[PDB]
Every structure is written in structure tokens, then in C-alpha cells.
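Only one chain is shown below, in C-alpha cells, and it's the form solved without the partner chain.
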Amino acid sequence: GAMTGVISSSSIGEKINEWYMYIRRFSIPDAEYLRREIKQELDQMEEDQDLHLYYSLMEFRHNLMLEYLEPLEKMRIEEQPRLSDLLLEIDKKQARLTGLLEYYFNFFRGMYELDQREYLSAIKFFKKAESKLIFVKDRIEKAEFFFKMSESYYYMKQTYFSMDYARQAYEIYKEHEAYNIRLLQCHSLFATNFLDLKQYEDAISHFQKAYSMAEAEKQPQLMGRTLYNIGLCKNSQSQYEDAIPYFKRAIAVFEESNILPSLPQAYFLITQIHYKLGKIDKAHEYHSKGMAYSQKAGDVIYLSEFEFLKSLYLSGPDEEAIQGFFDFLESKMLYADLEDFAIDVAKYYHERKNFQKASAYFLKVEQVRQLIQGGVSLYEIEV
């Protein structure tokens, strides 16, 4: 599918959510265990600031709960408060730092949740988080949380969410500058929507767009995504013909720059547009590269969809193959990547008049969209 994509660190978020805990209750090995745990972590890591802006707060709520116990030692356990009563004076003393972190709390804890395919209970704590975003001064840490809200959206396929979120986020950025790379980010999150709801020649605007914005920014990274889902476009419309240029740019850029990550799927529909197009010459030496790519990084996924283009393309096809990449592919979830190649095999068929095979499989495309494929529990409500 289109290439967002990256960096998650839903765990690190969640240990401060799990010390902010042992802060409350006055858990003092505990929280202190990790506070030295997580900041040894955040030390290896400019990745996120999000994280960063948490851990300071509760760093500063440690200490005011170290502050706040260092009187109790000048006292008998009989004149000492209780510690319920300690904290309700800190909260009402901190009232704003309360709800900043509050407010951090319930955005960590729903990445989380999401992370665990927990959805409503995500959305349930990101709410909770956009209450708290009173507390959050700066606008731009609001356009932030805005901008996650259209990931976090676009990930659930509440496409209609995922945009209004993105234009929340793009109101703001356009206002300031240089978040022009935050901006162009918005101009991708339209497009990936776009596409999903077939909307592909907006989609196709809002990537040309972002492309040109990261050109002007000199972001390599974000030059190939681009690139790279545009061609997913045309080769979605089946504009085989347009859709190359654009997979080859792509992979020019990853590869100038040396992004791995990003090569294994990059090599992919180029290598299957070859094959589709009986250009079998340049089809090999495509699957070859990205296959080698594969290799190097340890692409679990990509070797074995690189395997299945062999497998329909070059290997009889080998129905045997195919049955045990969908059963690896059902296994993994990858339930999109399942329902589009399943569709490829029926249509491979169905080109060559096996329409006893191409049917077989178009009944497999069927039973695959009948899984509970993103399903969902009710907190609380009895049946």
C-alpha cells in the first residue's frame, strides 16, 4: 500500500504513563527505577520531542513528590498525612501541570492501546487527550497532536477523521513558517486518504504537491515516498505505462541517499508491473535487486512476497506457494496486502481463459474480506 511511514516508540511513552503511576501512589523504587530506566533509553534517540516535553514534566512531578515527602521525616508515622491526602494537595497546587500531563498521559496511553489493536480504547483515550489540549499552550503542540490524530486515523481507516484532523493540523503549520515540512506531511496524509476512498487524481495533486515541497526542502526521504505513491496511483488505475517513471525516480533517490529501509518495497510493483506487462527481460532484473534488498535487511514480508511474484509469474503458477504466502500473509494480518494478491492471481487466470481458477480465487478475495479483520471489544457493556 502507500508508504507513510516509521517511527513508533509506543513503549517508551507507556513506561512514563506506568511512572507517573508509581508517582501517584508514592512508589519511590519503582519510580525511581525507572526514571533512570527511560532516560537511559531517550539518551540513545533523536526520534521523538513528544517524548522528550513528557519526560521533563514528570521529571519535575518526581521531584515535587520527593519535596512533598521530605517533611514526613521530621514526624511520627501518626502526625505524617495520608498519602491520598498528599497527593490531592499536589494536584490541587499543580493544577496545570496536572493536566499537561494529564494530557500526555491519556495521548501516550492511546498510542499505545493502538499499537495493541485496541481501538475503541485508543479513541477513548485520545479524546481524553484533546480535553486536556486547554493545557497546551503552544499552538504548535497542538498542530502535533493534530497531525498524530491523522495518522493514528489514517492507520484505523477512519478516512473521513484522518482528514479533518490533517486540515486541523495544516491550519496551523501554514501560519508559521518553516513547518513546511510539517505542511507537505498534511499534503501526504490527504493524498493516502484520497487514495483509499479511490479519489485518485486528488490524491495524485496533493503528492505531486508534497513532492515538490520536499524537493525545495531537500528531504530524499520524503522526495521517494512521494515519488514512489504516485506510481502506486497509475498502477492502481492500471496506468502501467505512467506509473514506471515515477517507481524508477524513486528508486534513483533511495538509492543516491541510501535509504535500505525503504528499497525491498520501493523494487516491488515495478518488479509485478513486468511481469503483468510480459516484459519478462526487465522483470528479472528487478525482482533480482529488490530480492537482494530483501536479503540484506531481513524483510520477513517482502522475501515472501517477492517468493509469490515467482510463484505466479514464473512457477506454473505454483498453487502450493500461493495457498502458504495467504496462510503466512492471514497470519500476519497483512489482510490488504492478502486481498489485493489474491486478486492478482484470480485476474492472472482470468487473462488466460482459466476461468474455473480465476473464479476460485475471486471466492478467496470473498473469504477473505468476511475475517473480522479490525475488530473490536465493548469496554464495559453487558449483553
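Note that the rigid core is defined as the largest set of C-alphas that superpose within 1.5 Å between two forms. Positions refer to the first chain, counted from 1. What changes on going to the form solved in complex with the partner chain:
- Of the residues 67, 319, 327, 351, exactly one exceeds or equals a 2 Å C-alpha shift between these two forms once the rigid core is aligned, and that residue is 67.
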Contents of the next structure:
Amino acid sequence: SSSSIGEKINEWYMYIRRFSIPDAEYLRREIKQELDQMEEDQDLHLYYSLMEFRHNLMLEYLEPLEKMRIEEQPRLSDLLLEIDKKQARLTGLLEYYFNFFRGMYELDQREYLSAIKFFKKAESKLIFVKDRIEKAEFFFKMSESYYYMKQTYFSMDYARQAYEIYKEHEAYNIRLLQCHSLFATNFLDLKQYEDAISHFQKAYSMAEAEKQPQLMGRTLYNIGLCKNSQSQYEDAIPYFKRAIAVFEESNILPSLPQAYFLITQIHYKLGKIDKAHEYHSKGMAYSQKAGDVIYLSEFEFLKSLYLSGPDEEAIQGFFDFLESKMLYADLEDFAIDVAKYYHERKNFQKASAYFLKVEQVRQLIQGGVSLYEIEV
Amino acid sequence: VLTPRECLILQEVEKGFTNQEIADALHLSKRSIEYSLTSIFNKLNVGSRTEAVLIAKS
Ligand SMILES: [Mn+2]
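Next, give the form solved in complex with the partner chain, keeping in mind that what was shown is the form solved without the partner chain.
Entire complex below, previous chain first.
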């Protein structure tokens, strides 16, 4: 993994600063081999090249000590200061990548406080990153990360910082488009549905310019999603239909299980069961083809709920599956869907019970953190 | 403060291995063992292999 390789390069650097030769050599070797077995991103390749150079500098500064009597040798700790002093630009760049990659690794480990701390250290080193497009890429990645951590305001703020830089270049309309997608998804979490739609629409027009099938489709899907979240089911249908058409014309297999799911569910909810069934059959098949584990179970769930009675025992297995996967947001939503199914059927005892399930799920620790070395 | 792997190198030194024998035992180049010792000896503040062995043992 790109994320794990960067963290190994981090460890390599810590051994280099200590002049621990065996350790640094072992990591250097393992890292070279791992990168020889992959097409690494440009950021990772550069970080490695920098560290390779820095490792050779370590050896170069050590070399004169070989011929020195011991008392004439400087303390390694001072050698290190000299290196950092005479190679200030290298060091700063290394600090930027070290912290960025450690932050990414911590995020991956779901260590959120730790990720933020490293992301901030990285940002303070951004001055060493000259290319303003590379800066925008950092802000863009911060935006995606805080979208994931649901620090919605910070996510929008970083998207704005990225957008401002992309706006000044002409060859980056695609990234600009994705900044709009970032604004939209954030608006969506804020329930600002019209604002989200409006940005998805902008993104759409841009993706159509760039003739980008995937983005075009996703954009259309997200609009349908917004409509669906407002329970405006009829209004969502045409957008889901258009998205599917786009995905299907090109052969974007990965996107299809999803594109078929909400529209299938909608037709169940609208009581359009023959149409539901056809969407279901197709969506289920696409999921089987792509080998999509999650969507297989979710299409299965639609049957369990809308056709099978409902089948509460199968629904329960599904709920447990989602939870084991930490798909809490979907789990809440599906429990609501079950509650609402029973509600319309005037089965209020069952509805109330699933509404209770919803609250239980909202009580789970979904993104817990840990303080670093704070005494209680 | 030696890493476990640096201690390992020193342990082989105490047993009387040559640099070449340490290299082979640890799958490192001899050159790397030389660098390692220069670093290790500096850290132990000693000026010889024999004397690194003594400070090691205390
Ligand atoms: Mn490669």
C-alpha cells in the first residue's frame, strides 16, 4: 500500500537521523524492493528519492570519522545539526512529506487526533513546496480527509483553498469540477440540499465539457441522491436513469451496482413493483458480475424487506454485517427504511421497534479518538 | 542508545567475528558493517573494536 510504504520511509528517516546504519540499510532495501513491485504515485516516488539522497548524505558525513581518533570526532548529534543546516531545503521538504505521509497513515489507522496533528505539521512546511499546483493538491487531500472525518467546515475551507488555486490555471478544469463535488457533498451532509444540487449541477456541466463519462455519471447520480434524501423519490428517478445510461454506454462496470440500487428501492417505496423487480434483477446481476460484496447484500436486503414479509431474521443478519463493517450511516438509513415500511403498513409496533434500533445505532462509538499522553 | 540491530552487531563483535563474518551473518555489505561500527563506536565513545567490546560489557 502507498500509505504503508510512506510510513516505512518515515521509519527509515528516523533511523537515518540517529545514524543507525543496520536499521536504515534494512529499510532502504525493503522499500526499494516494494516500490519495484508497483507504480507508485509521484509524491511517493519523490519522497523516496529525497530519502535515498538523505541516506547517502548520512553515510557521507560519517565517512570522515573513520580516520579520526575518537576524541577528534564530533558527536553524531552535532553532525545531524550540520546536515540540517547545510541542507535546509532538503530537510524542509523531507519534513513536509514525513508529516503528510504519517498523517495519511494515522488516518488509515483511524487515529484521527493523531492524523490532524501531522497534517498541521505538514501544512506548516508547505512553504517548502514551491509549485502552487502541488499546494492545491495538499489542500484538496485535506478537504477529502476532513470530509471523511466529517469535519465539514474544515473540509469546505480546504476545498476553497484548493479551488482558489485551480481557478487561476486553465488546464485544471477537472480538479475544479471535483472541488465543486467537494462543496456539494459537504452541503449535502449539512442538509443544504439545494446548494448541494446546485454544485453537483455545475460539476455536471464541467464534466460534460471535458467529456468525462465517469464524472458525468457520478454527478448525475449525486443529484438523484440529493432528491432521494429529501424523500422526493419521483424527482430522483430521472437522474438515476440518466446516470445509469451514462455508466452503461461506456463500460463503467464498477459504478453500476450502486447506480441501480437507490432507483430499485425507490420503485419499491412508490409501489411500482414490476418496475422495481426489473431494476432489482439487473442491479443484482451487475453486483454479481463486479463481485461487489456489499451491494449483493444490499440488493438482498431489498427483497428481505419489500417482498419477503418482511423477513426479520435476514434483515437482522444484514444489520450485523453492516455494523461489523462500520457502515453506520447506511445502517441507520436502512433501519429507518424498515421502520417506515412498517409504518405505512399500519404496523406501528414493528415500526416503533425499528425506530428504536435507529437510536441504538446512533449511540455506537462511530469515530472515537484517544488523547496522546494526557493524564487522568 | 543502540537499536536492537546495532546491539546485535556489537554482540557479534564481542564474540570475535570479523566484519566480513558479521556482514554474512546479517545480510549486509561489509562496507555497511564498517559504517555501522563507525557509528556505534562514536555512540559508545570508544576508539577501538577491543575497547568497544569493554564498554559494551558495562
Ligand atoms: Mn515502481
